[PDB]
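Let me begin by handing over the structure; questions about it come next.
Here the complex is missing one protein chain, while the rest keep their positions.
Residue numbering begins at 1 within each chain, and the chains themselves are lettered A, B, C, D, E, F and G in the order written.
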Amino acid sequence: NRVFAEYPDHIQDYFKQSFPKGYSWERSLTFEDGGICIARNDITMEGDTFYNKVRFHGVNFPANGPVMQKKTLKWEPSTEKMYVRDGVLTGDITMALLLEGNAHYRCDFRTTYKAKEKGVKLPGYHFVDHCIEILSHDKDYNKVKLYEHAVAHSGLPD
Amino acid sequence: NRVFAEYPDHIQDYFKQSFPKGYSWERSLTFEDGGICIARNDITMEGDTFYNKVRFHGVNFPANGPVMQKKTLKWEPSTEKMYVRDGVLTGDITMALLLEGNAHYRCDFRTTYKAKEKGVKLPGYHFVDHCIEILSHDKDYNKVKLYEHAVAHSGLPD
Amino acid sequence: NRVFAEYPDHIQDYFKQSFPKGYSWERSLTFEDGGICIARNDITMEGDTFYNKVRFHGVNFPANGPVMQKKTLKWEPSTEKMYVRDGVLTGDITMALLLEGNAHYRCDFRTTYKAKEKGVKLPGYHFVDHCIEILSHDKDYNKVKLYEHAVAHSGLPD
Amino acid sequence: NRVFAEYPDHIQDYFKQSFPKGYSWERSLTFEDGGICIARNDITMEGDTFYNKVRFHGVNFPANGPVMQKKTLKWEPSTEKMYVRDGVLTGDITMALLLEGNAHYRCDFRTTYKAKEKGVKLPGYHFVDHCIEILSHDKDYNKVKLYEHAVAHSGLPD
Amino acid sequence: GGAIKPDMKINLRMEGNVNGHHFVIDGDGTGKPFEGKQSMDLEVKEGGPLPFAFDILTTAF
Amino acid sequence: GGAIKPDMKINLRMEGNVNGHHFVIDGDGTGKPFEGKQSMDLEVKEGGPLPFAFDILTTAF
Amino acid sequence: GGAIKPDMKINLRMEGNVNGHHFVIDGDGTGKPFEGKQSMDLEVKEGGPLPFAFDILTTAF
Partner (left out) sequence: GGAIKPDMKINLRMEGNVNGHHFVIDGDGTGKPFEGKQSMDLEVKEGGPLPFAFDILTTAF
């Protein structure tokens, strides 16, 4: 939920401006070995609570790849490139999973963000640094504590 | 369902050999303008009938792209390339949708095929020519009559 | 040189119709492990001889990948999809190099074909089956005898 | 030349450590409309001067695309993700060109960097923010003044 | 053949979501596996009329 | 601000399928929108133990 | 066809660089354009023995 990102006053905050009605995002995760995932989240709000309805689908992961073999360790921090494509706010990212052995597993992200209410002003080209981490989890990952810190900016030199 | 494909005697027919137990397939449809779909079908059999449980999800299609604007005419005939990746039968295809205006819209297909039961020999590299057509349909496509013809072969010189 | 492809009467032969003036083609070879090559060939004709000025550039192949470790055995036969893109005849192919261990290494081809002469009649969507092979070669491939057989067609059902 | 990048003390500066011997890099530029470029640069040093031997080749750019029609305004600032792939320092970037009309044209960058002298320590996963701009240029761009500012960092939170 | 007959019937149900639009589609058809041909009658059960090109779904039936 | 409070609760439910494996995961957390931070406790209600890297799912919560 | 003969000769010169390795290859061959067949004898002139798979180059001759 990009609402959880520190936006500076000089950059239009499409996400915070999307509530109370809310917004929804769709994303394609294209991994370098052919594995591909699609996801979507419809985000609404009421009172002091955000409600998320999420769907996630993945296919074509190699039987002996790091995903099916559970050899990932974490996503490296990243910088999402935010811009408008054919009238729709889009975020492209060069993501990478750290693997056991210290090699990286690349994944290309493309997320499209759409406000429910019409007229929400679109922002100009900007950036959003990210850092997502699994703080803790039980043996088989049946229970996981997740955390994310995100900050928007205008890149160099500003 | 690749079961519906004429397979020559010199080419192992993975699909017809997958029954009566059946098989499932997963597919990623990567359209050239960023739209991405993921699909899957669990195929079983009872009597002389194939039962298909299908799921189809898509994201990031441009608002003004040929898909959301319903500008497609048909899929062009194609030639699927069958081969094994990490012990799994895979089919990659250079697909194209003909558009009104005499132009085409490209889509890259990757399908992974998996027999439900053991004992099914993986085929060697081969090809499957395809031709899918909507024979008829009503105004809103609420009712559609579909058709497909497929033939496996060994390419040239064979 | 697509001139060497058997074209049926019902399909416009852009290549044979490009001489005696000649034509040139540009191509991008995108391999599945990041390796990327681009090539171009300026083809001319003097009498009963075709002249070819070819340039081939490749980068980012993994130090231990099948290319730099010379572990390929041959290109599998293929089916090229020909169609017009922004007024230029284009060919897209799902290519694959057979490796040792009976495994394959994928590469996506996109070739653009341009007659030196303007206005040469462009063909409609069609296919060209290919089969290229090294008939013989010395120890380190300093001397190689090459061969290709190609045939154009309209796909199924035709 | 990534030698021109402000590296913090906590991050291994592979480039400055590659001199006086020098280093070279290869890059693939994959534009979203099919245009593909491959470039390389051999960098050496003698005295207080860096010498660059550069080659740049491109193919398949659409006739009416922003590149062949000269409708680009500039590259947006960017953040390069630096990591090691098969023992070779690699940089992947989500690049974008702003076009006349306020729209953007995407290009994916992958650069492999190799020191001439073996033994140069590879850095850990990190980032390099960039901002390249044409300060001035004559009408036909036969003369162009170029400028770049680059800063390496560890991303969030540090 | 044995397991598969020269003439086979086809039962199908598809459920999905494209760009946020949900839909359900049922299918009833027949095919000749050894001849590599099949035909099917599809009917959108939910989500009709679809706001996107029906062509993207066809190979998934 | 206004509509969004400096402190927000987070309710979530994810349903999915990876390489054929179905699963449902519930989430409950909180965050500080203007600080760009959030944390959540996730629990696999169906499909556990997941036969694939949990990491591929994290940015979707 | 006329313009193009049933039997044609083929001369070629390729120059390139892969992963930093420069090379020059000469080619001499013949072919039958209307039969879609051709053959060529290749001779590496510079850069041999190539430190990479010769196969990646074949469709460019």
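One rule holds in what follows: a residue touches a chain if its C-beta (ideal position, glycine included) is under 8 Å from a C-beta of that chain, and two chains touch if they have at least 3 such contacts.
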Return the single residue from C:2, C:27 or C:55 that touches the missing chain. C:55
In the complete complex, which positions of chain D touch the hidden chain? 1, 3-7, 16, 19-20, 27, 29, 35, 37, 39, 41, 45, 48-61, 66-68, 70-75, 97, 109, 132, 134-135, 137, 140-152
Can you list, in ascending order, the chain C residues touching the missing chain? 24, 26, 40, 42, 55
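Keep in mind that, in the parts below, only the chains that are shown with their structure count from here on.
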Have a look at A-E, B-F or B-E and name the one that copies the C-G interface, over half of its contact pairs being the same. B-E
Using the touch rule from the top, work out which pair, C-G or A-E, shares more C-beta pairs. C-G
Can you check how far apart chain A and chain D are, centre to centre, with Cα atoms defining each centre and the answer in Å? 25
Compute the distance, rounded to whole Å, between the mean C-alpha positions of chain A and chain G. 47
Each of the following residues of chain E touches two or more other chains, namely 17, 19
Among the residues of chain C, pick out those that touch two or more other chains and give their numbers. 27, 34, 37, 39, 55, 57-60, 85, 149-151
